[PDB]
Structure formats: C-alpha cells, structure tokens
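Work the whole structure out from these sequences, hints included.
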Amino acid sequence: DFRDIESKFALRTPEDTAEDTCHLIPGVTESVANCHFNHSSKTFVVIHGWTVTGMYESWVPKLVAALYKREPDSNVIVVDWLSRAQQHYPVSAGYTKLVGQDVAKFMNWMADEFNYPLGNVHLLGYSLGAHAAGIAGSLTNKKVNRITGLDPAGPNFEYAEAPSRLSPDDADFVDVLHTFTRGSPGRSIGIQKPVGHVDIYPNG
Amino acid sequence: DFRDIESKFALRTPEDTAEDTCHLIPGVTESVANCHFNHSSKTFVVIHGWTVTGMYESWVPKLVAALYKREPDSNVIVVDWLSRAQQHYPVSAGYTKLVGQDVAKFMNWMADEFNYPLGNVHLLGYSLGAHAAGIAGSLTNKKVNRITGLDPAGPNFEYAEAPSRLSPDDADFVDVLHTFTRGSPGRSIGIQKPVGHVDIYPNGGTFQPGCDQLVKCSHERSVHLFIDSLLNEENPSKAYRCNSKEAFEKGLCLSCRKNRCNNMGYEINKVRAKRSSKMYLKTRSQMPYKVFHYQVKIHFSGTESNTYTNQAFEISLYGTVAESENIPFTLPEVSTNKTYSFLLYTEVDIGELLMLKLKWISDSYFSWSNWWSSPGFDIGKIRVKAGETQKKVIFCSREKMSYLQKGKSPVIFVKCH
Amino acid sequence: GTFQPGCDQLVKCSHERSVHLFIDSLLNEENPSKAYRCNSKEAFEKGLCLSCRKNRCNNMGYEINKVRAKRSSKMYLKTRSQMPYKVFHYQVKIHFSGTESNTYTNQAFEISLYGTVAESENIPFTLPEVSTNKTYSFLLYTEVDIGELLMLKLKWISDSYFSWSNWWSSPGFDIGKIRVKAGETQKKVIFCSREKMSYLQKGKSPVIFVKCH
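These protein sequence lines are chains C, I and h, in that order. Here the first sequence stands for residues 36 to 239, numbered as in the deposited numbering. Here the second sequence stands for residues 36 to 246, 264 to 469, numbered as in the deposited numbering. Here the third sequence stands for residues 240 to 246, 264 to 469, numbered as in the deposited numbering.
Since the hints were derived computationally from the structure, they do not count as laboratory data.
Below, a list of computed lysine-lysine pairs in the DSBU-like style, where the Cα atoms sit at most 30 Å apart:
id, chain 1, residue 1, chain 2, residue 2
1, I, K444, C, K132
2, C, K77, C, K43
3, C, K43, I, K409
4, I, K460, C, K132
5, C, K177, I, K467
6, I, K437, I, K458
If we take Cβ atoms under 10 Å as the criterion, some of the chain C residues that face chain I in the derived model are:
id, residue
7, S118
8, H123
9, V126
10, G129
11, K132
12, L133
The C-beta atom is built at its ideal place from N, Cα and C for all residues, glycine as well.
Structure below.
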C-alpha cells in the first residue's frame, strides 16, 4: 500500500531552505529518524498549487524562512507536484482527488505508527493546494486541526459537491482568503462562494 | 544400432556456454555420468536450423544463458548440424527426416535405459529445427511433452503430408510463431498454414517493424521474442484470439472468456482446442516487446448530415501512474448517428484511466484556413474497454465544450460514472 | 491538379507552379509542351486517351491554339520537378498469353527504351491483376529525348532477396507482341521477338524485343 505514493515528500531545515535533501518515505521507517522529525512540536504541510514551468515558484523559499523565524523548532513538510502540475488546467484539475488521498495515507501512517496526535497540523494551501488540502482531511481517521486556504481555485470547483471541494466540514477550523474574485458567476479565477468558517475579503 | 548417429550431441554448463566440451554418446554409458546429467529436472533440446557458414549463429550463446538464468539446475542439450546444414536448401530439406530419427533414437535410448520419464522435455526448434522436432516425437515410444517451433520452414514443407511436417499430433502441446509469413501461397519463407495447438501471429505475421544482418531481420524475431519471454518472468505478454487480420484492427475481438487470451512464449497455458487457433498481438521495435491494448468506441451525433473520409485524430491518455499524450489514429467514413470502434496501443504503463483528450487536427496550414467555417460534431460518450484488466469505463463531458471541431481546441472528457 | 512533385517558401510551393509553368512556356518558344484531353483522372493513368484528332491535344501556356468548345474541357499532362518542365508520353499495350491460368497482383516490372538519339534504361512501373489471355495498357513517361524506337527490354523483378529464392520454380508467361503508340508523333509501331527467349519469368534474364514490322 506504499508504492502508489508518487507525489513525493520532503523536509527542509532553517540552514537549508531552498533544497530538497532529506526525503521522507511512507513505509520506510529508517528515514523518519534520518530527517530528525521532532515529535513534540507542530507540523506545517505546504501544498503547492498550479505551475507552468518545471521548478517551484518564488514564494516558497520565503514562506519556509518565515515559518522557521516565527515558529522555531518545528516541522515544515513540502509536498511535490512537478510530474503532475505541469499540464493544462482541466488536466491538473483532476489530480487533486489523488494527491489528497496520498496526503491522507501519509497522515494516517504517521498517526497509526508513531502515534502522532493529529492536533498540531497546519495544512497550508495555494489555489489548487487549498482544494487538495480540502479533499484531504475528509479521508483521515479523525479530524485535523486547521486548514488554511490561500485564494483557492475557482472554475471547475465552483457549483460542485461538498465532498469534492474545500468544504467547511473538512476540518475543525478553516480560514480562506479571497483576493482575486473578479468575474462572472462561474467564470472567476478565485472562488466567489464563502466556504470557510471565517471568510475574509481584503479590499472586497 | 549406435554408429549411424553422426549428428552429434553436446551438453553445456552455465559457466561455459559458448563451447562443446562434454559430449554425450548414445550407447556409451561412461559419458552420461561424466557430463553430470541431473536426473531430476527438465531437459531442453535446442535444434539448430539452416546455416550457410561453418559456425553456429549468434542467438544460441544467448539462448543458453537465458535458459540457465530462467531455469537453474536443468539440462540444455545442443544438437549439431555442421556437416549436414552447410548445403543448398533442397539438399538440407531432406536431412530432417534423418536427424529427427537420430533424435528419436537418442530419446528412446534415454527412456529405455535410465528410465527417463519423457514428461519434462522441451523441444525448441528454428526454421528447419521445428520440422526436425516435428518429425521427431512421432517415432518415439510415447508422447513427448512440449515442442516449441520458432518460425518453421515454408517452401518444401507446405502442401506436404501430416507425417512429413510439424503436425499437431506430433506431441502433447505444440506452439508455433509465424513472424515472417509474407508472400504468395506456397512461395513464402515462413509457413502460412496454422499447424500448432496455439498459433500466434505477432503483428499479423507479414513483417516486423525493424526492417547481411539486415537481410535476415524479421526471421530472428521468433528467437528474440522467446528470449524476452524467458527473461521477463513476472510480466507476461498476452496474445488475443480473433478470426481475421482485418477484424483485429477494428478491435471487435478483445474478449478474454471461454479459453481465449492466452499468453505468449514460455508462460503459455496448456489449453487444447478442436481446430486451428489464430492469435494476435502487437509488439515494439526494442528489447522490451510488450505493449498494452485499449479498445475505444466513439458515438458520433449531430444535425448536419455530412460524410467525410480519411480524417486524422489525436488522442491522449491520462491515468494514475503516468500519461500518454499524442497517440495518432485515423478513421475513414465519418458521419453522423454512427458508432465507430478501433484499436489503440501504447508502451507506457497507465494504471487506471482518469481523463482523455480528443483533438481533430487540420490538414491545411495556410493563413486562409481560419475561415470557411469548419465542420464539427457533437460527441456524447466514449466507451473504453481495457485489454488485460477487463474494466469497461464510461467517459463523458459536462454540458459545455461538447463540440469537437476541426482545427479548434480539443474536448476534454472525464470519468463519467 | 492535386499537388506538384516539389512539396515559409516551402509553404506556398505548389501555388507558384502556375507561374513557373508559364515563364517556361514563354522561354521555350521552339519546344511546346502538349497537354492531352481525357475524361477523368483515373482514365489518364491507364493511357486509353492519347488521341490527337478532332480538336484534341492542345498546347500549354502562351502557344495555345484558339479552339472554342461547347462544354467544359478538362486536359491533362505530367511534369518534372526542375526548370525544364517537359516530359514525353508513351502508350504501351502488352498481350499476355500462356497455359497455366494463375492470377497474381502488385507485380513490379522494369522496362527500357532504346532509340536513335539516346536511350532510357530503368523506367519502373507496376501492374495489378496480371493473368493469362488478357491485354493490358498503361502510361509511360520519360525526360530524355529518344527519336524513333528500335528495341525494348522487359524485366519482371523479384521481391525476394534470400538465397532460398532460386528454387520453387518461378511463375512465367509467354509474351507475343507489344503495341507502342507515341504521344506527339502519332506512330503506332509493333514490337515482337524471335522464336527463342520468348518466356518472361520472374527473377530471370529479361526478354529483348525488336522492331517487328
């Protein structure tokens, strides 16, 4: 049950923020103690959204340093997408239902082998990453703590079902930003529907 | 009765595969215990076909290593021909009726002195070697287990008698490859008649997509498709039963029930039949010879009744593991209110299908061609039936972008149910 | 009229032939390029319509003869991919005869042309559905001037290459006559052989025909 996990994982240090040296492998347990996963603090999981080039975007090596400056001695896990996101958009609009299941299997593995509490997990999400974190969590053994969505995807995920998008029942507390909601109903880049427990509209 | 055995014998080791050190002699029993013939395992007998030089060919020191890697602690006996095969072809077309009798005498000697079971004997045969193994076995005390023929001889052995060629009564189970069957009836290099219990036609059997070394290109595929089947134990290459070469291209016969869809090569299932059994598959031009097989049924619908022809399409395959992007195919006689089907293959593993593009490209290139409003259709559903894993998925679209038009953006279909 | 045998400059390749076939007709005053009247594209390949009587076989380009008609007038010719755009046109009718009734298909032939001025050696053509007691015709073209024909080889090549292929005795026929009708100069010569070597066989030596009458 641990060879369909092609969406890889990585763990980054405050001394090395722009690379992907020490990987984690679901199932292989000699690597968890190799990356020095501190079992006492909280754990950040940063899910990458859409891209068109091959590399990461420019905000991830700043968000890593910001998390390691605000919460020192913590865990920031970077999920990989670079064999599934470099596509067209209705092509990459179907892979979220697989990547969310991969993240759910990883979290159930960590919560059923090492007895992780699942009470200190933040799920940060970009435009497709927020819907990836939303389709995750519903397929876990119990409720995750907090999912933060940063301007989720609009077109194919509006007018959908509640077990298909970032729904307010996906976690215990969900906050969503809505920066770019300009357009017609159903033809907008960001989502126009209020989906979280708290829904902030900066500048409207 | 043991001095007319001029066709010699040899036994080779995994540590020494390219030589002929330890011989066996029919009648002399101090040499059987000299070559360390393990009396518990199976026994391979590799019969050499035609040649024109004095030495062996290039595939025997690879087939020896492949047999000793697939079945360790076994027996591979190499039959010798090099004073009888270096002739002209109607000269060497008469020596098979003697070499098969020599092999029959050797096998009856081994089965009547050492009490060998004759239940674990494979008889591998090249073009003349398959007919040599076929004229052997009929002159044994009882039935041999399995005779495998690799593209047998065509010219003088077609139109012959059943006790003269590789007939289906020669053994208990006979499988025959037919790689190079191009030509007129009676004037072909391979044999065009179905002769075995299982008869596999890879790529239909006309030629192979890789065509002095270049002269005998599609006559050595019947050995390179067997070495690959010996090496790839965990991954079998299925072959599909149909009724004609033209019907397999339409894909109407991907059915794997009631003793159909057997494997190819060493891992074949022992299934007897009542008649000739033509079976089909496709291959690839490199050392992994496995491709997958997909059936695609497309429902055309619309309003404007306008027939066309020779239209080129491009399709994609989006699945769990990997993806296939730009597979080309063509369809003649496209029209409204029909249901068309074809066959589709690829060489990249997919898993389970998720989505599927469909693009109908434009033959014209000019800057004129954006006008004179292009023909289009209204596609509702696509039925996809996979080859190995018998899953019949249904694909459809949303109630937008359901209008395929030539030289425009392609439609995108998802899993519909 | 489908395309031209030479295909951003490569994009508009077969749209500038209608100018390069007219500049050539202006330059070559003394040598006109005749075009031949037929009824369909498929019938011109069989060569059944090389007839230059009753207001047929006009020229092409500037040197055309002013002839009015009653209906649409489709006319045909072939060309070459270089700056001299003139080829000649020959009709060849072949009488097959023999004893063993055996039909075949897609057989490839090779023919030669031996004349007064120069010679053409290895012109290829194919014929499907060859059989005994028939009469077949086709069209043949070349780019080397001949004059008047003298002799004509005829070779039926072998598709097989193996050392096996010398045996399994090859099919053969008994060719009596060949009627040749030239395109421009309306001469209808008759070719035949002697009462020896009159047996064309696949993968063997070719027959050699001479001027018969």
